[PDB]
Amino acid sequence: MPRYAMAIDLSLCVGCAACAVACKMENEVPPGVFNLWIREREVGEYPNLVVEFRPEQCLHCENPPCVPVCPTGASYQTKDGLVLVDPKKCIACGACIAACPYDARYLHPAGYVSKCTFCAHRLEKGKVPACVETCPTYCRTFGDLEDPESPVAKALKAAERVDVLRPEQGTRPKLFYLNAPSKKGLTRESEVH
Amino acid sequence: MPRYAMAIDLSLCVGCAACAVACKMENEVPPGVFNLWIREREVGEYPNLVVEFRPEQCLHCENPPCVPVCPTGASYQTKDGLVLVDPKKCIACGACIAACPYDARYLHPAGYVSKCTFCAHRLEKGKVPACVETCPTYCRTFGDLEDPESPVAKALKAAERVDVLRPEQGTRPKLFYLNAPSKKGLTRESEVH
Amino acid sequence: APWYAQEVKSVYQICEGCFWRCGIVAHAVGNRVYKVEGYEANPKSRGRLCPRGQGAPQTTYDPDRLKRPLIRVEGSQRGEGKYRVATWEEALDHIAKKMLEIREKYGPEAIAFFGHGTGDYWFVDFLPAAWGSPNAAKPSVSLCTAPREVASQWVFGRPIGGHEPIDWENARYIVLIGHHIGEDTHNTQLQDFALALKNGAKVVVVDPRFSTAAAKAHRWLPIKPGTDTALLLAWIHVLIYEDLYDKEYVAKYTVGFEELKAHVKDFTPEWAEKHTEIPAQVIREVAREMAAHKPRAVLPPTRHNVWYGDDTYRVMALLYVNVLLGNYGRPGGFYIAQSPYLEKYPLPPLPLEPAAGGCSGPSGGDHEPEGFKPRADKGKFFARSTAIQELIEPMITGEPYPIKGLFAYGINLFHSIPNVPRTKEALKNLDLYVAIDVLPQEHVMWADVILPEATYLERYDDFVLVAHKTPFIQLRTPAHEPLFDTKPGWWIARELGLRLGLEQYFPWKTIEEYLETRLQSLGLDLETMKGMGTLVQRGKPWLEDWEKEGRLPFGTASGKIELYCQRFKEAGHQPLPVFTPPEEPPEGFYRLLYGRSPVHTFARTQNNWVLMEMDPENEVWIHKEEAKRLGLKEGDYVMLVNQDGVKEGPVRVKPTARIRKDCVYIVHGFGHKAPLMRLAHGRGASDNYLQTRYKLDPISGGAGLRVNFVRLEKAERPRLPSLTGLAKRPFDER
Amino acid sequence: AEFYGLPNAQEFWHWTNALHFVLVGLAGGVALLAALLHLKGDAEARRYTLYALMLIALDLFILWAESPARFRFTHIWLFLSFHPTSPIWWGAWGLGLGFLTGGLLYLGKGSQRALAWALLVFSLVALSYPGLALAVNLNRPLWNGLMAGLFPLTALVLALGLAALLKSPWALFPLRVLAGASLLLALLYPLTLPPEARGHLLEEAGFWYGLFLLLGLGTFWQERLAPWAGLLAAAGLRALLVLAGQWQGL
Amino acid sequence: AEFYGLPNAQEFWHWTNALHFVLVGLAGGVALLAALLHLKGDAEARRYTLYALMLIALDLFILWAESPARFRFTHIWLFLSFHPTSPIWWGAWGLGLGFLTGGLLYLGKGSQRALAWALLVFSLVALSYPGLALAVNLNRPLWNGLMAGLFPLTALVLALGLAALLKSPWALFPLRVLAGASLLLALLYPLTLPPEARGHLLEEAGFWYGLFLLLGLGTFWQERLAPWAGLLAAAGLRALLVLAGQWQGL
Ligand SMILES: Nc1nc2c(c(=O)[nH]1)N[C@H]1C(S)=C(S)[C@@H](COP(=O)(O)OP(=O)(O)OC[C@H]3O[C@@H](n4cnc5c(=O)[nH]c(N)nc54)[C@H](O)[C@@H]3O)O[C@H]1N2
Ligand SMILES: Nc1nc2c(c(=O)[nH]1)N[C@H]1C(S)=C(S)[C@@H](COP(=O)(O)OP(=O)(O)OC[C@H]3O[C@@H](n4cnc5c(=O)[nH]c(N)nc54)[C@H](O)[C@@H]3O)O[C@H]1N2
Ligand code: SF4
Ligand code: SF4
Ligand code: SF4
Ligand code: SF4
Ligand code: SF4
Ligand code: SF4
Ligand code: SF4
Ligand code: SF4
Ligand code: SF4
Ligand SMILES: [Mo]
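Residue numbers (the entry's author numbering), protein chains in the order written: chain B, 1 to 193; chain F, 1 to 193; chain A, 30 to 763; chain G, 1 to 250; chain C, 2 to 251.
Just so you know, these hints were derived from the structure itself, not from any lab.
Be aware that one or more of the hints could be misleading.
[As the list claims (entries may be wrong)] Only pairs whose alpha carbons sit at most 20 Å apart, straight line, appear in this in silico EDC-like list of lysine to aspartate or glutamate:
no., chain 1, residue 1, chain 2, residue 2
1, A, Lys662, B, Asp163
2, A, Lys653, C, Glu204
3, A, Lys653, B, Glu189
4, A, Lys743, A, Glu599
5, A, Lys653, B, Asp147
6, B, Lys183, F, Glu52
7, B, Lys183, F, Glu168
8, B, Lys157, F, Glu160
9, F, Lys154, B, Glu45
10, A, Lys662, C, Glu224
11, A, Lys662, B, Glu45
12, B, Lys157, F, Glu45
13, A, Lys453, A, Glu422
14, A, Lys498, A, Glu428
15, A, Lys657, B, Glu160
16, A, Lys657, A, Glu616
17, A, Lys134, A, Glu193
18, A, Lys231, F, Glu160
19, A, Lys757, B, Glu28
20, F, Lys183, B, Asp163
21, A, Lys676, A, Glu454
22, A, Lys516, A, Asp761
23, A, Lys96, A, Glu487
24, B, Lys184, F, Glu52
Let the sequences and hints guide you as you build the complete structure.
Here is the structure:
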């Protein structure tokens with residue numbers, strides 16, 4: 001019944017990868033891969049210099065292209081909006097990697113594919129995700145999008161702007177970026193050079 | 001040598017269609033076709049109703065898909081950034097209409113393709129476009145993007161947010177929507193259904 | 030398989046990630062801390078943790094982490110890396126034997142004790158004084174904080190402290206001078222800064238570099254480097270001469286405000302703009318805006334202040350501005366930090382006791398006739414703090430006597446002290462050099478005897494007291510026992526202490542014995558302390574609480590605004606006129622600026638695979654237009670060559686503008702030449718190896734580092750091992 | 001959702017420009033048959049060279065006939081400018097030089113069978129250009145990359161369908177081969193679109209789409225059903241994709 | 002521009018898999034040959050079935066030998082569930098059943114036309130799923146719709162190129178028709194891409210691509226170079242698109 005989401009305030013994010021390291025630790029993500037990373041991009045010259053710090057990780061898309069494309073049924077979307085992998089069915093075919101537009105998944109060295117889990121393990125026992133808990137700046141919020149009281153719901157309600165990565169794929173991300181620093185919105189590599 | 005542009009502050013647009021009508025009168029745009037039209041869309045539900053009044057027209061893209069596609073060369077991009085049609089070479093094949101992402105182009109009943117012209121005829125005599133002139137709400141501005149005294153330049157600078165239609169396309173629209181009313185940005189039909 | 034599904038044991042534990050010492054909970058499963066977390070009651074973490082805190086545990090599970098004592102093979106040169114395993118017993122004897130020899134023909138002051146981190150209490154504060162050497166130092170004093178601590182002692186009667194006392198949550202306007210928050214990732218201040226932003230705190234950043242904190246600022250003033258005192262003097266001038274200052278505040282808590290007004294007569298925003306390069310209107314507007322917000326406008330003092338030789342002047346000036354705004358001790362920016370009450374463990378006084386100086390003769394009075402031999406840097410600058418970087422000369426020339434023998438307790442000799450060649454000369458000439466550490470860094474492997482410390486998670490430490498709005502006491506408990514042949518520093522100290530006649534010091538047979546005594550005092554015992562990891566006590570924060578009691582805090586009864594009658598007298602100047610135009614980079618060169626990576630602590634985190642994987646190298650920041658004239662682009666590498674010809678290993682070039690053309694910036698702590706730390710070895714450029722020279726602050730022992738110039742020489746991309754490959758080496762507790 | 005005025009989102013290429021699409025398929029396909037029949041020495045090289053000249057000419061007339069710019073005679077510019085980026089430009093010359101070339105070949109003079117190489121090249125340009133004239137418009141979701149494949153395949157189904165009805169022995173088999181290639185890509189096409197583009201396609205056309213796919217399965221049954229059934233399938237699809245893809249849509 | 006950590010944007014399908022891609026082309030297209038042969042009642046139907054079986058076996062073996070979950074034995078789930086939206090699922094069932102169907106054909110058991118039509122349908126599934134395994138990833142700009150066209154045609158150039166090396170007389174003509182089709186669509190492929198994606202394909206590949214385009218032209222020259230050239234062009238093209246198209250890129 002809830003519809004789970006995450007909101008990150010970019011106006012507060014300073015790109016100290018705390019969340020990224022906390023997830024690495026909490027989830028035991030092996031060395032060469034990451035469920036969460038931070039991208040940092042500057043925009044502009046001297047008198048209008050903006051820097052965008054942006055954590056990127058599974059957005060738990062509501063319309064996840066990473067699910068239908070899976071041959072076994074390992075890749076699945078939960079009734080509350082979590083996109084997960086049943087490693088027991090995963091054949092590590094990489095179809096889901098080809099299909100995710102956000103470089104959110106990887107091949108875990110145990111032979112199956114992995115990626116941010118929205119800390120389903122913590123969610124189930126009533127906790128908030130590791131990224132969310134360890135965050136000096138308090139820029140991430142999580143919750144049931146349907147509960148007007150939840151922290152994400154509130155965060156979105158109080159936001160000056162809301163953005164999502166590659167909205168034109170039609171994945172309906174459930175990781176919302178609040179108050180992006182640049183007037184033109186989230187930074188893309190294409191608006192560079 | 002300048003870069004001509006138009007900015008529309010949507011926080012002030014009320015979508016009265018004055019610019020649209022001023023255009024039709026000036027450029028004697030024929031019945032059934034429009035250089036400029038208004039799109040009005042509600043984003044909904046009571047405590048949170050938002051209405052976006054959005055005038056649409058040729059954005060005189062900086063990287064216009066309608067130019068390259070022309071066999072004749074009638075579709076040309078000018079040294080200051082106006083996309084114009086020389087009707088002398090136009091074979092009314094529609095390739096440019098097919099390549100225009102914005103529906104800004106039409107077949108003039110006189111057998112050539114037409115569309116907003118940035119009021120080229122006025123720009124040379126040193127005047128501002130007709131739509132810009134008539135605007136009751138002072139929401140549209142114009143000028144050379146590179147001249148910082150320009151009304152577009154100053155408005156872009158003052159905007160809280162700047163958006164453009166289908167940025168994901170190649171184009172680099174040179175018509176900028178300023179303060180979009182919905183937090184998610186410019187309204188899209190896919191975001192309704 | 031997941032750690033959290035597996036059985037866990039938690040414990041309340043301090044983070045040794047850096048010196049902020051956040052209170053954390055460590056979750057172990059067997060002999061391994063899988064996760065660490067902040068906790069709500071703890072006033073430092075309050076539930077959160079920075080990246081360094083989160084990744085800090087892997088050093089404990091690092092396959093290159095130091096395990097056994099080691100002694101230098103006889104006949105092999107220091108530097109050459111020849112060691113033989115030893116016993117704690119044998120290593121500890123070898124050290125005392127050697128130490129004693131130095132002490133019979135030179136005295137105990139011929140032993141310098143350098144150190145850092147929690148256990149520096151034992152090595153730098155306690156053992157050295159119990160042994161009788163005044164040559165004890167930490168880099169967080171003359172390579173960090175000395176300029177501001179001195180400035181603060183003279184201006185207020187108080188320190189700024191380790192948990193700088195800014196009332197961020199009520200601040201309304203904040204001016205950061207070089208203070209990079211967000212790169213500098215001290216937990217609570219990140220939290221606070223973020224909360225300030227959040228509540229509509231507009232932040233001004235002054236920095237020749239568009240940092241993270243600048244990325245959050247309402248105004249960025251891209252100041253010409255080494256020029257901040259001119260901007261501070263001109264703001265002082267604007268608040269005094271435009272009559273914006275807090276009149277009452279100066280009237281009731283300020284001495285000598287008049288000397289300041291006259292001093293600052295000609296330092297106008299136009300005089301400032303000329304050197305500062307910040308327009309005069311901006312200089313004016315910033316002072317007005319801050320006056321408009323008082324007392325809730327703060328220029329919090331930065332922590333790293335050695336920047337140039339004049340530093341104490343810049344801080345003094347920054348403090349005057351805060352005073353003139355009436356913010357000290359008011360809600361807005363300075364609450365009054367009181368130290369908690371935890372009674373010391375009962376002991377005989379130490380041969381040498383400290384002098385927390387500030388007024389009426391805190392220089393060398395006790396050093397002159399008073400017993401023996403004075404700290405060997407005694408005449409070099411005015412202030413009384415020990416300066417790590419000055420006691421290194423004595424080891425090469427034998428000038429002020431001789432310092433044979435040196436201890437390095439968790440202190441990076443080759444990265445935290447400038448002029449590495451001079452430090453290596455000095456280790457050459459020593460009779461004994463011991464280093465207590467965990468990783469095999471480049472300066473640990475120059476030691477006669479290496480002693481492997483147990484890590485913060487495998488260790489108990491003496492309590493951590495934090496002066497604060499609500500003073501508190503923290504306790505770290507082992508999360509599991511030391512690994513390999515690893516020993517806690519309390520134990521190493523005691524074991525050396527028993528071997529050099531200091532049993533009266535070290536009487537307690539165990540650290541929990543020690544910890545139960547202090548807990549007695551407060552009304553608790555060890556088990557209860559473990560129960561509430563941190564203890565908050567009642568204290569005070571504004572002036573009213575002080576004032577109603579009929580007292581005031583300081584040094585002498587009224588903050589002295591020009592700030593110090595006894596320097597005047599014999600040193601020459603009282604006010605901070607030394608805006609002293611800074612020596613400029615020669616053409617072809619850039620000033621070398623440096624700072625922090627949000628994910629790496631100083632140097633010691635460069636072998637951490639969790640953290641190196643987030644940030645595997647530094648990157649040289651050059652203005653886009655300079656890298657272009659040079660022929661440098663995005664993925665190029667470069668060697669940094671300083672004015673003295675030292676080259677620093679190939680660094681990635683970072684042609685994105687956020688920096689003046691005068692400068693170049695690199696994060697400090699890379700460029701290790703330490704093959705045994707397999708994933709930190711050969712990566713990035715070391716700022717310290719390029720910091721050949723420094724301008725001694727003649728007031729606060731500080732070694733001005735930003736006085737080095739560097740030029741870039743095109744280099745080849747480096748060929749290095751794969752970090753993932755190395756990071757994947759399994760950790761085997763053998 | 002509500003407008004004052006209206007976006008010019010009206011169909012721009014009508015049933016007549018869908019008819020030209022079908023004929024330039026034929027024109028280019030047969031011009032390919034012709035040059036290959038030349039190059040190969042075949043007795044029929046002439047018969048098919050004068051067909052291709054008619055098909056080419058019929059199309060170039062339908063191209064001017066359906067152009068609202070016809071009586072303004074602006075087409076001369078199609079041949080007096082260099083515009084390599086323009087699918088349509090390439091088809092003007094490809095069908096123009098392809099004509100001259102097919103003239104100099106049918107009038108057996110200026111040169112022989114070095115000219116069939118030029119006819120082969122121009123026919124490839126003519127076979128290639130529609131397909132790209134659609135696919136070049138990256139704003140039209142339905143006109144994806146497959147158009148550049150579906151059109152040349154489909155033009156040869158048209159040329160070989162014709163050829164097989166004019167009972168040339170050689171034509172049936174390659175027509176049933178390219179018709180299989182054509183029909184299989186045509187089936188995969190919907191599965192290649194994003195869900196809204198596909199949904200649009202199935203509601204707008206489809207039946208029509210699934211009809212012509214079914215119909216085309218008739219190339220693999222009898223004769224004189226075969227060339228017909230494959231020919232109606234190829235022209236169905238060609239016309240329907242031009243008609244249904246003039247959508248911009250969100 | 003700068004990261005802490007890194008996005009997982011590295012190649013997920015290696016040279017290893019690109020090989021699977023060349024092979025399933027061969028597999029599927031030889032199964033098509035065997036099917037169409039059984040269906041003409043031609044005598045060679047039997048050994049082409051053996052080969053299609055062998056290439057199906059060789060391809061399932063390297064699909065498994067290259068799987069990171071090769072020893073976790075999870076491919077069984079490929080067969081115990083229904084995932085009609087997934088090209089790889091289709092591919093697993095087409096080949097798999099196509100290998101049973103072609104198994105019984107070989108062993109003259111369980112009927113024989115009704116098994117040859119089955120082989121036909123399963124070999125169309127197997128010829129179809131690779132381009133769609135690429136093309137459904139609308140986030141990858143190089144794997145556009147034409148992949149659904151390029152991959153089926155190219156699988157045919159591989160099967161027929163093989164058939165012709167084995168000296169089957171019927172195939173060196175279809176091989177040239179289908180190789181002409183494939184090379185034409187392959188040449189127009191880059192022109193079907195957004196500028197930045199074409200520029201990306203050209204920077205990272207091309208010179209290989211352009212070499213594979215030229216190569217394949219030798220399919221129309223000397224008789225016994227023609228299958229090699231056609232095979233290497235079709236395999237080079239398939240592998241290059243698989244390796245170069247793993248890009249999300251803005
Ligand atoms: N060039 C330059 N110099 C600087 C700075 C700079 O920016 N540039 N910054 C200055 C500042 S601001 C400061 S505060 C200082 C800090 O200077 P340091 O604290 O010396 O810096 P680190 O590089 O972390 O060195 C820590 C050393 O302690 C070891 N260590 C870590 N944890 C433990 C432990 O639990 N026990 C033991 N025994 N050892 C341990 C590490 O391996 C390493 O050898 O450096 C200062 N020096
Ligand atoms: N991640 C992380 N965080 C840490 C540490 C760490 O090791 N890792 N260490 C901690 C410690 S002990 C310290 S001391 C601090 C160090 O951090 P800070 O105390 O914040 O150091 P600063 O030197 O004030 O600031 C660095 C900034 O000063 C700038 N700067 C250089 N020259 C000038 C100048 O002339 N004028 C002005 N206005 N600015 C200048 C540089 O551009 C840079 O942006 O951070 C602490 N926090
Ligand atoms: S922990 Fe907070 S500041 Fe750090 S990267 Fe994550 S969101 Fe940004
Ligand atoms: S890699 Fe695993 S999760 Fe992804 S599609 Fe294949 S089986 Fe499913
Ligand atoms: S973010 Fe990635 S894993 Fe999550 S739904 Fe989207 S594509 Fe799937
Ligand atoms: S929510 Fe879970 S998977 Fe996502 S970053 Fe946090 S800990 Fe990692
Ligand atoms: S004048 Fe302004 S409000 Fe009126 S239609 Fe034009 S843009 Fe909209
Ligand atoms: S209709 Fe006219 S302007 Fe448009 S592409 Fe054709 S010739 Fe060019
Ligand atoms: S909006 Fe359309 S018609 Fe106008 S210049 Fe851009 S591509 Fe051409
Ligand atoms: S600029 Fe001129 S042509 Fe364009 S909409 Fe305005 S009035 Fe009409
Ligand atoms: S500030 Fe960060 S690194 Fe330092 S002790 Fe606290 S958590 Fe650890
Ligand atoms: Mo420091």
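For each hint, the structure was consulted:
1. Restraint check for A:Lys662 and B:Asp163: not satisfied, since their Cα atoms lie roughly 31 Å apart, outside the 20 Å limit.
2. The straight-line distance between the Cα atoms of A:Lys653 and C:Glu204 is roughly 25 Å, outside the 20 Å bound, and the hint therefore fails.
3. Restraint check: the Cα-Cα separation between A:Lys653 and B:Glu189 comes to about 18 Å, which is no more than 20 Å; the hinted pair holds.
4. Only pairs whose Cα atoms come within 20 Å are accepted, and A:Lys743 paired with A:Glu599 is rejected, the gap being roughly 50 Å.
5. For the hint linking A:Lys653 to B:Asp147, the alpha-carbon distance of about 48 Å lies beyond 20 Å, and the restraint is violated.
6. As the CA atoms of B:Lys183 and F:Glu52 are separated by approximately 18 Å, the hinted pair is consistent with the 20 Å bound.
7. At most 20 Å may separate the alpha-carbon atoms for a hinted pair to count; B:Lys183 and F:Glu168 meet this at roughly 16 Å.
8. Using a Cα cut-off of 20 Å, the hinted pair B:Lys157 and F:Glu160 holds, with the two alpha carbons roughly 18 Å apart.
9. Our distance criterion of 20 Å between C-alpha atoms is met by F:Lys154 and B:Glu45, whose separation comes to about 17 Å.
10. Annotation: proposed proximity of A:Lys662 to C:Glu224 is violated, straight-line Cα distance about 51 Å (limit 20 Å).
11. Between A:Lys662 and B:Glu45 the CA atoms are separated by roughly 17 Å; this keeps the pair inside 20 Å, and the hint holds.
12. Between the alpha carbons of B:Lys157 and F:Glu45 the distance comes to roughly 14 Å, so the proposed pair stays at or under 20 Å and holds.
13. For the suggested pair A:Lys453 and A:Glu422, the alpha carbons sit about 11 Å apart, so the restraint of at most 20 Å is met.
14. Of the supplied pair hints, the one linking A:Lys498 and A:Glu428 is violated, its CA atoms being roughly 45 Å apart against a limit of 20 Å.
15. With a CA separation close to 38 Å, the supplied pair A:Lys657 and B:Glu160 exceeds the 20 Å bound.
16. For a cut-off of 20 Å, the pair hint linking A:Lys657 to A:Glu616 stands: about 16 Å separates their Cα positions.
17. Taken as a hint, the A:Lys134 and A:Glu193 pair is broken in the structure, with Cα atoms around 44 Å apart against an allowance of 20 Å.
18. Among the hinted pairs, A:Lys231 with F:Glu160 is consistent with the structure: their alpha-carbon atoms are about 17 Å apart, no more than 20 Å.
19. Note on A:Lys757 and B:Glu28: the hinted pairing holds, with a Cα-Cα distance of about 12 Å set against a maximum of 20 Å.
20. In summary, the hint linking F:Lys183 to B:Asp163 is supported, as the alpha carbons are separated by about 8 Å, within the 20 Å threshold.
21. Straight-line distance between C-alpha atoms of A:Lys676 and A:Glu454 comes to about 19 Å, which keeps the hinted pair within the 20 Å bound.
22. With a CA separation close to 18 Å, the supplied pair A:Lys516 and A:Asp761 stays within the 20 Å bound.
23. Between A:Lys96 and A:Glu487 the alpha-carbon distance is near 13 Å, which keeps this suggested pair within the 20 Å criterion.
24. Restraint check: the Cα-Cα separation between B:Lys184 and F:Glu52 comes to about 18 Å, which is no more than 20 Å; the hinted pair holds.
Checked against the numbered hints given earlier, this structure breaks hints 1, 2, 4, 5, 10, 14, 15 and 17; the rest are met.
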